Amino acid sequence: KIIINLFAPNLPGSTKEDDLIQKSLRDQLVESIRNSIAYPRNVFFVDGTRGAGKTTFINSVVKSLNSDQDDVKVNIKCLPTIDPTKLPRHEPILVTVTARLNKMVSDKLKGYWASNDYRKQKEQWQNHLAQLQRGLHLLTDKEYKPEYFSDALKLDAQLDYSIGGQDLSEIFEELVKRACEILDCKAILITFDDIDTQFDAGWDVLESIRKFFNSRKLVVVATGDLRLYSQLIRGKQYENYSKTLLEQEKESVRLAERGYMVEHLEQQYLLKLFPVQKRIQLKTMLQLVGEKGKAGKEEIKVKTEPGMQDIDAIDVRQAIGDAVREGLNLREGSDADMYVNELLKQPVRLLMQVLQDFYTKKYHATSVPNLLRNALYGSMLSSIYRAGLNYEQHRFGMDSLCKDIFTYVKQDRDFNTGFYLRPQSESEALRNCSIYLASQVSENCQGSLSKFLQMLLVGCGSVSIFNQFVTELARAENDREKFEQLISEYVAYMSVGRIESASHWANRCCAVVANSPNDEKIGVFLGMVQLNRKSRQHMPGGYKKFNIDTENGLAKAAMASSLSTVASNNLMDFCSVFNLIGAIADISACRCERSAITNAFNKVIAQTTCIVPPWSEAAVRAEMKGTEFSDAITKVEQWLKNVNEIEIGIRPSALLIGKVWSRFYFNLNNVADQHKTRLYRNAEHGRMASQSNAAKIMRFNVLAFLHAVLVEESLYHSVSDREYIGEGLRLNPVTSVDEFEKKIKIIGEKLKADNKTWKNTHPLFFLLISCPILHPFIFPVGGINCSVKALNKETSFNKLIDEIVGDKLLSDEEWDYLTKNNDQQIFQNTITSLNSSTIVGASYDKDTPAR
Amino acid sequence: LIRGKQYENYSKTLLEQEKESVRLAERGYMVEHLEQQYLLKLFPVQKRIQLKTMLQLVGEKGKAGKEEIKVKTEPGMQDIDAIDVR
RNA sequence: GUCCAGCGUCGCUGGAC
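Taken in sequence, the protein lines are chains C and U. According to the numbering used here, the first sequence is numbered sequentially starting from 7. According to the numbering used here, the second sequence is numbered sequentially starting from 61.
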């Protein structure tokens, strides 16, 4: 039972408290040390990596042994911590230890009160030091000398050594025995430090430990990394061979036992120095408590608000869940447990700092993700700098975010799920940067619609489209130089990371995917259809060129804003769904009066020309060759009026867009293949399921998009806390509007019983479903199925769509005419041209097959 | 400079034997790990300052750069006559 | 509508009456 606060009078950095939280670990370590000297190989290890707070722990046990209350006769006296790296080179460790040991004894010798005792010990203690210095010459010599033999036979006076000779190990052994008598203790503790700076500084430490610190009165604790300590031993074993033998016997079979013999020698060496039962590892707070369904052996309590009682504080696991869930607009479950699971594996020193920063600013501030990014920026700037992301403190924006998303997935080399930002990588340098990225997407996209579509259309989509062309060109693993160069051209072509318009990104996205024709070379691609620009010679039915001038009213304003002219070796005309999302994302950010949206609306409806990407054949020859709208404008201006109220309450999350596009990509991909096989000479006007048309494929792409946002928003968008879908299964519309009508009706009933509307909760779908631009696309002249079994499903669907928007969209005269089977009126809200437009590559002369 | 100094600590005799692709790549990461830790420990990340080049000072013709520089092409040339570096 | 002309491995595009 322990509680840790965040507000303290000293304003302590990182809020580590006093002696941290590892009291149970420390007391177990202290007892083992104390029990180890109850004899009537004291080498310990403290595992750690990447500065995980090892130095604080070793100091903590020092203050718990040099500040004892003299409770028990057995006592520990700790020398000051020795740092091999900072130690001056060409100085034996035994000399440094004795020098530091001298200060403790000499100061305690000065502290006596009995004059007779002080004079007796000083004479004897000073005698042992004079004995050691005589033998210190024997420790660092390059040659023997025959006059050292006389000193080897010099028998000790007033001292009895069981073995003759010099035996410098014995001289130090009797020196430490006296030092304990003066200090009245029973054991001496020597604390070493890391060697992560100087790799080879530890070889003198290892040799000294096994040579001179092997006795009963001495106990040594050493911290470090066993990788660093193992390559030293293995390397020094190879330097112990005859050099000539290593040049003659290298027949690859004699060498087989050369490597084996070194490892066997090295493995036994490590066990002798550091026994396995004397190794201690620090525990992160996750393995103490936090895993669901298990009662952890310890409980950690955290108080956030200033000055609460030690009884009403919140649990550590929930001290972060409330921060993460609402700081990233997550709700609960497998989506938010992963983020809080990874954060609990981090060192206790680091996490308590960011918790202190977030909670301190939260209480004083009374955007929440803005407080989560700033708190995390000042605690994980190391990994951002190492990972090559944008470590700028300020100068932020959406354009700079697109590269961050793209430059992160490339390092993770996983393009399928890169735009999920879920920390599943196997490197600790990247698992701490996804959290920072997931915080920025929440902050930037919270409370806007244009800022939501732009990041989805540009940042989120580029990781998926590029995966369709990596497999073909510049295979990754075969050659890194060409693969890395292709990415540089790709990111600089469509200007990922510095955008001029989301619509402009659509005018260039069409060309990038147009360069992958299938076997049949039909003019249909993923999310678009290729339209003829020149009239053909023969027309089997009522087919003709597009003739944009046929359309009128707002329907014409929906065609001009959906056409792109790719300038290949021969001019190509396209109609794409991606241009619509770009068109919406542009006008949705004017936020001004009518006068501004007279030009803002005008600029969206303009002919644009884009160049084939450089990584294509026609990159060189293409260069050589190369007021009725006032009513429509008025219709749009009302939409901007009631967007802003809904616009404020939107709160997207990182996982929401990841699931919006994943369903959007799969559904839109699955539309093209079904609608490309079934198209015949008399297949116009539809009226069944097999018959298809240019309008039908066009209308069905956007309907395949609104279904994607509808399903995911009610399940992941954070305004609500429950799913209004039920406990069934869900699919996507592929040829029928059935699945887009069944789901919307269920929400209409299961939500009406709870006394709520479509804008207080589940707001985003309401804005998309009700917009003047997309309205003509939903119900065109030739894309309506006409069958008695399925007319009612679409007829009921018209009212359901009308119910959500709350306004009439199709007059009964026009609605009947579209569904009339019979074969001069004017339409200003629906299109009449794509009913019989010409499709590129139509090579199916057979007609509709009966049965 | 640092990475060159870290290789010196490895015993020379160790580097002729055990030259296998798997072994060479094992120490190649470890040295680069000591490279970044030592460098980050010495100079903290939250204090390094990158000096802006001529581009960020000026910026693009249509974009906005947070400075303004004018040059001289005449002795005693009036400051009004000075023109942008572009 | 027919013609001239142009690009691609017939398909596609440009111009005029």
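These aren't lab readings, by the way, just hints derived from the structure by calculation. Treat the hints with care, since some could be wrong.
What the hints assert, rightly or not - Beta-carbon label-pair distances, calculated as ranges: (1) U:75 x C:281: 54 to 64 Å; (2) U:79 x C:80: 23 to 33 Å; (3) U:126 x C:279: 56 to 66 Å; (4) C:732 x U:120: 33 to 43 Å; (5) U:135 x C:435: 48 to 58 Å; (6) C:623 x U:138: 52 to 62 Å; (7) U:75 x C:479: 54 to 64 Å.
What the hints assert, rightly or not - A few chain U residues that face chain C, going by a derived Cβ cut-off under 7 Å, partial list only: (8) 69; (9) 71; (10) 73; (11) 98; (12) 102; (13) 105; (14) 106.
Stated by the list, open to error - The list that follows gives simulated cross-link-like pairs (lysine-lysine, BS3-like), each with its CA atoms no further than 27 Å apart: (15) U:65 x C:249; (16) C:92 x U:123; (17) C:457 x U:101; (18) U:101 x C:289; (19) C:192 x C:69.
Don't be surprised by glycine CBs; every beta carbon is placed ideally from N, CA and C.
Status of each hint after checking the structure:
1. At roughly 31 Å, the beta-carbon separation of residue 75 of chain U and residue 281 of chain C lies outside the given 54 to 64 Å, and the hint is violated.
2. About 53 Å separates the C-beta atoms of residue 79 of chain U and residue 80 of chain C, a value inconsistent with the hinted range of 23 to 33 Å.
3. At about 59 Å, the beta-carbon gap between residue 126 of chain U and residue 279 of chain C stays in the expected band of 56 to 66 Å.
4. Between residue 732 of chain C and residue 120 of chain U the C-beta distance comes to about 54 Å, which lies outside the given range of 33 to 43 Å.
5. The supplied range of 48 to 58 Å is met by residue 135 of chain U and residue 435 of chain C, whose beta-carbon atoms lie about 56 Å from each other.
6. Take residue 623 of chain C and residue 138 of chain U: their Cβ atoms lie about 56 Å apart, and the range 52 to 62 Å holds.
7. Between residue 75 of chain U and residue 479 of chain C, the C-beta spacing of about 40 Å breaks the proposed range 54 to 64 Å.
8. Interface restraint check: residue 69 of chain U against chain C, minimum CB-CB distance 3 Å, threshold 7 Å, status holds.
9. At about 4 Å, the closest approach between the beta carbon of residue 71 of chain U and any beta carbon in chain C falls short of 7 Å, and the interface hint on this residue holds.
10. With a cut of 7 Å, the hint placing residue 73 of chain U at the interface with chain C holds, because the nearest CB-to-CB distance is about 4 Å.
11. Annotation: interface hint on residue 98 of chain U holds; nearest CB of chain C at approximately 6 Å, less than 7 Å.
12. Because the closest C-beta pair between residue 102 of chain U and chain C is about 10 Å apart, greater than 7 Å, the hint is violated.
13. Because the beta carbon of residue 105 of chain U sits about 5 Å from the nearest beta carbon in chain C, less than 7 Å, this interface hint is met.
14. Annotation: interface hint on residue 106 of chain U holds; nearest CB of chain C at approximately 6 Å, less than 7 Å.
15. A distance of roughly 25 Å separates the Cα atoms of residue 65 of chain U and residue 249 of chain C; the hinted pair therefore holds under the 27 Å criterion.
16. The hinted pair formed by residue 92 of chain C and residue 123 of chain U fails the criterion: a straight-line CA distance of about 51 Å is larger than 27 Å.
17. Under the criterion of a C-alpha separation no larger than 27 Å, the hint pairing residue 457 of chain C with residue 101 of chain U is inconsistent with the structure, at around 39 Å.
18. The straight-line distance between the Cα atoms of residue 101 of chain U and residue 289 of chain C is roughly 24 Å, inside the 27 Å bound, and the hint therefore holds.
19. Restraint check for residue 192 of chain C and residue 69 of chain C: satisfied, since their Cα atoms lie roughly 18 Å apart, inside the 27 Å limit.
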